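Following this message is one structure expressed as structure tokens.
With one protein chain withheld, the remaining protein chains of the complex are depicted in position.
Each chain carries a letter (A and B) given by its place in the written order, and its residues are counted from 1.
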Amino acid sequence: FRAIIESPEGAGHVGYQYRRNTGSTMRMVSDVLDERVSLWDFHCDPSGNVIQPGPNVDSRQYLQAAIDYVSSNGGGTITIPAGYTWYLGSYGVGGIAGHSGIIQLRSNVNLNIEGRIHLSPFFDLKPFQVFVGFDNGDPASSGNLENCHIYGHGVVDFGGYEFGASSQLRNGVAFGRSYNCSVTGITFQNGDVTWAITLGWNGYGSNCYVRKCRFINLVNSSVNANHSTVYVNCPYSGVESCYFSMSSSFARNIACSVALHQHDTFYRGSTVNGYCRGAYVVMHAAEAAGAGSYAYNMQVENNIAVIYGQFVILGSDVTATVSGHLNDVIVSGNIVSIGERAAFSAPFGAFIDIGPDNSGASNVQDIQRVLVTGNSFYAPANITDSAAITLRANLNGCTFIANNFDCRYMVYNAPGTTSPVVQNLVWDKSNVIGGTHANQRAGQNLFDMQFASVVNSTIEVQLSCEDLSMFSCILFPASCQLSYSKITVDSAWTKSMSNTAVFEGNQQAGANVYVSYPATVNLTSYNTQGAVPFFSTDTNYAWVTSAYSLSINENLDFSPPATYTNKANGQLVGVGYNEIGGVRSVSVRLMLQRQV
Amino acid sequence: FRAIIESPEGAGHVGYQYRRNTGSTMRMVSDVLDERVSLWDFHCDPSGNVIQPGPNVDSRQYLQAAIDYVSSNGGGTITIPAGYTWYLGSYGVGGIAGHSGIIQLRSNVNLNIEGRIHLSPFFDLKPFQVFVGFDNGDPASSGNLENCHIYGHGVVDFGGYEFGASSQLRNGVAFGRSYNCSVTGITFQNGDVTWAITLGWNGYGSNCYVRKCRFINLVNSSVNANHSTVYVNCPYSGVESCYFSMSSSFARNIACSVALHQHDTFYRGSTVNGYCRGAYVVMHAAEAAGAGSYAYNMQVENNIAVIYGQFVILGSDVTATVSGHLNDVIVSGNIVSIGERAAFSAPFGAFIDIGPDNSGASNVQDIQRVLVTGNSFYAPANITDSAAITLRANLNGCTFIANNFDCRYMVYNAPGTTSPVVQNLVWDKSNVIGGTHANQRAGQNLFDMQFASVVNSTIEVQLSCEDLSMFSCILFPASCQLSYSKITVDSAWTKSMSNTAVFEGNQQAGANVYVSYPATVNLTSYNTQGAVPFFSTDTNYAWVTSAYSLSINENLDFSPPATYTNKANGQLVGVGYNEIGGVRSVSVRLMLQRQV
Partner (left out) sequence: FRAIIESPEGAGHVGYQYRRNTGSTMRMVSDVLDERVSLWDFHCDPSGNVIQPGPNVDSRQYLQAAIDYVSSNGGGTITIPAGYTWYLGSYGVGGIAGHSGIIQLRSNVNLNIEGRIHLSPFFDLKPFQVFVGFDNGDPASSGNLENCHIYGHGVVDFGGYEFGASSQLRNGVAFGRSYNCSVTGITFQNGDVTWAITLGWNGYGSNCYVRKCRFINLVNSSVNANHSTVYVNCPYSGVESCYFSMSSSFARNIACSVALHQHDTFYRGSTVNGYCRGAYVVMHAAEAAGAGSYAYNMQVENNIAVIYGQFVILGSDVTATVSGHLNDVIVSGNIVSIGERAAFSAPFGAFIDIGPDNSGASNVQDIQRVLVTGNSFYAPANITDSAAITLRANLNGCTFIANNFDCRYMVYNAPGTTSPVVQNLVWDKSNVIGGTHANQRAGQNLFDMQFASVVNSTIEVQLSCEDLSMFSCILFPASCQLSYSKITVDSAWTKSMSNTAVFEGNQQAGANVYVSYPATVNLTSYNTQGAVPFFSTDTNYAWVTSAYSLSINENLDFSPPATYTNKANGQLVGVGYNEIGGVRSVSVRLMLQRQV
């Protein structure tokens, strides 16, 4: 009996009944201890003696044994104990080897990480993916991972090691073909990695989430090719209430916080500092196998960001046999700013970017039905390369309502570069244009419409302070066709502007172009006393349907017309009044109108 | 001693002190084991031998015994262990029998559901409510449930069974008269039920929440009368970050995700697919006992939905002695679409519905102070039955600002049906009207104002692309009174429209009606050389306060007036200019204005 009690079966001979309740099960101590499980239950030598974790101990085989066994019982939760640092020091074997995997995750087996998990220097200058849910080196032949949750107050520490080569990949958690999986509460820190977490595989997966996690200093070298902290590659999945911070210069050029790459995905309530980019919202044709060729129901809401490049990047692209499409997107409630930096020292600053594909093509995209509403954007006055939207690829629709944009440009694309075909671009009058860049805009157009064509578009410009440095409020080059569109410039703060709207190809004359903007016009009257016509000197107003005075009349003896219409020769004409006769000659500020 | 150790009191004789700390309590093993409790502690036969759960074992009495005992100690948390499926196979007894209850919940007794709970076929074709917090068959005589939380990674599975009769009710969790209760993390799946979760009873309760839950395939038959996944029937309560999915055809006609039925309630950050409806926002007079007759502070925000009927349904109604009122509502940040379906194949598609009461009455409602802002809505081009608002019952106010609506109608009600009395309907110019249904609108009015009367309303129509198929942008039948209102149609994309605004009863002439819209007008001048009047042929403009040209003047020898006013006979008149004399006759596009 003494022998049995001191044996490993001893707890199995000591009886227990809950709180001495005579209606409760007559159990043994071992039964109650078996209700939980920790790493300590597997972290032992071949004789069963516990092994203490530390920098000179590789915990990997023990944690895999724990996961393997619990999986064999239908699942449960393994605790990684608090107050210890558990090091990993070798690669895993089998199906995760193809993924440079360390630990293989299994279905229904959760990890409650309370302590620290820390990579040993075996991993310096090597690729690695710490937790992998694929069960095959080829993801197309992998089984699924289901019902796998990682959570707790603990930490995954990537050891600070730099990438050995740019072509290497590194990851924290790759759930794989993942269904009902999640990461909650965990701090990922101190590395040079490609991603911290990836959800799904090429549309396969569902109901995967990252919640209340922290991501700190996960890019550190010039070798790192590219970084996105969370890649969402399955539908009905998202990121909420997370914290992302980088301190490295390289992060300001390469790093993005989130990628939303399948339908019904979201990014909410998070804070970002030190990153190049906020979120990619993309349908890659090459990723369309699991959930279709459309990314729709995409939501970026209520985030706080300090970035160096672009906040939201929209895109879609094609392969030889698949075409990707992006539609039904909402971007709302975000507060974003470009951090302090020299002009042109990072990727062009933007709130929205319509980005060309990975080969630079601008003619592959199918992006439409996007709503950008209720956001703030700010860039410091020196940052020339800052825009509400950089529209660099073909666009089939994007709607802006009730935003506050305070940056160098409202709409921009570089001349000479891409020539996007633009449809259904809507810039409502409720967008407020800030004044930070007033006086900085010599030679520049606030809306610089450097496109192949614009159709079914609305641009309602409203200033809220003067900026007499800008060349124009909106400019269309002669190469940009314009049709079935509405372009207006409100008069407030424009009285002293040389140019307000500029149509280099006289595109405002098109049959279905609706415009209005201020202009200075010289007029001369006939000499008749009484009601008397006034006519413009210049003859470039054949497109004008009506015009009206924006100027006071300093004269007593006459008044020019309050309103005007045109004539076939392109003059403006209206009826004023000569109290006394005489030829009159005046220069008036007019609101020019066409079909509005 | 050997006997005592092997007895159920054995753990009570084995000493323990935490980590060998000499300052810690000298306890016994049983004391430490007593700090937790699981189903295994009650899942035993009359001799105390543990019983293994399975399809042929009814776990119900054991789980009730666990809850009853823990309740007797002031509460705690019972674990339902992972790696096992616990079946329920009989009805509960006592106060929950009136509710077809299975398990009775008790105050301060939480359930950590890590495994699976699964209904046995005893329940096929029968009513049931799995967890019930009432303690009496009559809810009015029930005590309260307080401080009861259900949480974990586990599952409640309803066994797939169909309803036996439409009059039956089925539920997952009915908290009852519930205060500080919640469901977090749980998957509810595989059933034909009326609700998954209900919070509160007729306004009694507070601080009840459903967070991070999943609801999958909970309608499956033509017998199911009606389904709402979560019914919120107490104040200061809500639903956040949940996932709702249905696959059944019947769900597209009957199922709603949430009901917000008391004040200070919310529905946020959730994803919905396959449902008829998103949320009811309602004050039923019949439910007003616990928290008053007003539903106020109602919040529907930041959700993602694919539905087949209506996204938000507003209503209030009366009983013989109580009148319900709905006010102070916000609907914001939602991205919603009607899924692919034939026209008229499901309940009329809508973003907002003002719905008649359960007996079809449209004259009982008191709905006001509602803000609908910053939302997107889309319906495919074939879905005739799609509207930004179906306004089908009396409305005392609703405000639309900065939404993007892309569907067949903006405002609709069916003619010949209800004749709502409308007050304080505000449709701000910042609402963007999409183009998906361009060319589909033969015979139809984009704003079809099929009401008894409209007062204190604003409709500012702005198109963003052409749709020459529509009969009009806005139409008032002669039966609809219109007063103290503002109705405008912006000219952009309207030059080729036959009709823009239509007032079948000439209602735009009312003393306090403020309007503007485009119209084509034929004019003829006098023959005088010089300043010369032009007059409309037609005499239906006695209501016009001013008009101005929307057309160019192709003539050299004359120009028509830029602006016009009227005369008592209903002609328009203005002063143009004949360079050379002659009677002139022109057809001009004008902006007609009344008091604006």
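Just so it is clear, contacts are C-beta pairs under 8 Å (C-beta built on N, C-alpha and C of every residue); 3 or more make two chains touch, one makes a residue touch a chain.
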Quiz item: Which of these touches the unseen chain: B:76, B:160, B:581 or B:582?
Solution: B:76
Practice problem: Identify the residue among B:174, B:183 or B:330 that touches the chain left out of the display. | Solution: B:330
Practice problem: Identify the residues of chain B touching the omitted chain, counting contacts across the whole complex. | Solution: 1, 5, 13-21, 23-27, 29, 31-32, 35, 73-77, 108, 110, 147, 149, 180, 207, 236, 240, 264, 266, 268, 296-297, 299, 301-302, 328-330, 332-333, 369, 371, 373-374, 399, 401-402, 424, 426, 428-430, 456, 458, 484, 486, 512, 514, 528, 530-533, 542-548, 561-569, 573-575, 595-596
Self-check item: Sites on chain A contacted by the missing partner chain, in the whole complex
Solution: 2, 5-12, 14, 29-30, 33-34, 36-38, 40-44, 47-50, 65, 69, 73, 79, 81-84, 114, 153, 187, 214, 241, 243, 245, 269, 271, 273, 302, 304, 306, 333, 335, 337, 373-374, 376, 378, 401-402, 404, 406, 429-430, 432, 434-435, 464-466, 490-493, 495, 530-531, 548-556, 559-563, 575-577, 589
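The working rule: only the chains that are shown with their structure count from here on.
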Exercise. List the centre-to-centre spacing of chain A and chain B in whole Å, with centres computed as mean CA coordinates.
Key: 28
